[PDB]
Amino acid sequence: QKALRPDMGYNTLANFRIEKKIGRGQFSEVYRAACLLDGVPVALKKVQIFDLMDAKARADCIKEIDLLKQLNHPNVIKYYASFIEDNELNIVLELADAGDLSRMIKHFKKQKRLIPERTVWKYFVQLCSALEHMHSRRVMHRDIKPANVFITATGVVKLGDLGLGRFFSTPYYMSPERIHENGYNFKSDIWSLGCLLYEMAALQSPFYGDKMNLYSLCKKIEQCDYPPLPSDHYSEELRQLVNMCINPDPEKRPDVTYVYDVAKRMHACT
């Protein structure tokens, strides 16, 4: 417990009280913490940019965090600060007052009821506005999945990358370019976005291996072989947007402005 420095605001560790570890990754630990200047709860991610990364990875991580902290959008989880202290990159992130789309899905399932189409567009047209904004700054999301999508008591969607909310907390959708080449680009995000549009409508991912077999899973991605959504519940517009996003060739996928445009016209159509 070092002394407060109000003049530093969110840019020093002395102005936070760590509560407990809530996550650990390849290069990082994540903590629940409280800001001591205003009592706001945050996520404090500590990245070992000197000890666990080569020189290129460190310079790329610092550039990427600097961009993420410039995003100002209602549907993106805030990056409030990034600063070097104690030989680590310290990142201060928002924890939203919202549950994951994963929980919303698991709940609608254990109560056997489909998420209605006019709702699916509700959320999806917020997830799209989020991903438009990130792609406009040349920021790739890299892991779009239900657990990273948060949803406010009020129906406000926050896209994040920690899978952490304030009170409630092989990548989830494997693209062809991941499977075949370990490739990830802007169009990889669009594949995942399509898979998530599907999972909201189906209540499960498009792709499962037979008896959970990982080879069977790769064969089903290569054929884009997923059970069709029931058409009496979902328009051609929707099932067609899925089909456009879940295309093995990333060049042939639509860019996030097209998908966001479709998700705006459908959100006003109802």
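Whichever C-alpha set is largest while still superposing within 1.5 Å between the two forms counts as the rigid core. Residue numbers count along the first chain shown, from 1. What changes on going to the form deposited in another entry:
When two forms of a protein are overlaid on their rigid core, residues whose CA moves 2 Å or more are considered shifted, and residue 243 is not one of them between these two forms. Taking 2 Å as the criterion, residue 39 counts as shifted between these two forms: its C-alpha moves by at least this amount when the rigid core is aligned. Core-aligned CA deviation for residue 199 between these two forms: less than 2 Å.
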The other form holds:
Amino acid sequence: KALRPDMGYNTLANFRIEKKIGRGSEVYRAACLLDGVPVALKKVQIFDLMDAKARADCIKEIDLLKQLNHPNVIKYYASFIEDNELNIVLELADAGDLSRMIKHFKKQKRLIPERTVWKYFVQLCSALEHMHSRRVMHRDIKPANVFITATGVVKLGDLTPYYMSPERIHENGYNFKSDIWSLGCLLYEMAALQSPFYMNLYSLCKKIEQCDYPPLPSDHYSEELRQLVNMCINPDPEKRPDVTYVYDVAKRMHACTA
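To test you: the structure above is the form deposited in one PDB entry. What is the structure of the form deposited in another entry?
Shown next is a single chain and nothing more.
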């Protein structure tokens, strides 16, 4: 339809869809016509798959997400109902992700150097500390959801889970410490090019309660990095550190490995 300038990013009429870039919700690359800014436009059929209650929860959650504002977190520009669908307008992160980065290293048959691990991990910690400071849980930390722009800037992405924390396996509540568990698994994965517990939930539970994951090599990864992983993936959420402590370690290690 026709441009509605008063409406900012809150109406489909102010965007030109350029391409479908994802599906399964459907995701389009679009441009905001008011300012030429590129966006990801996600269309969710919340009336064909969502209960009255889940709809309010999902919406209240998106409203909390829109208040976020950080260079390392994907910006939620807007969300609105139109054409009987939920439309979420997101910062476009198009150039790649941590999952792809790890694949490059696997293909070149080499490990990610420690300094490179901290270079990206510290930015991820910055994102997550912003979120936790705003009292928002991420809930889906995984390499494919950690975008990396073309200039190597980390963008923590929009919210059978990739990393299953013990409390989630047994259907306890997801909380801030569950984010820390995924963050620890991710750090391990950057260093090992494989998830720590790479099956079924019962054998997964067994391995977790017995730290049955292969140690990282001490000749490539410092005690600092290895201990930080170890504490973040403690089975007991009370034993895991808060994001503020993880972030502080990341910043110290980034500063002296560079």
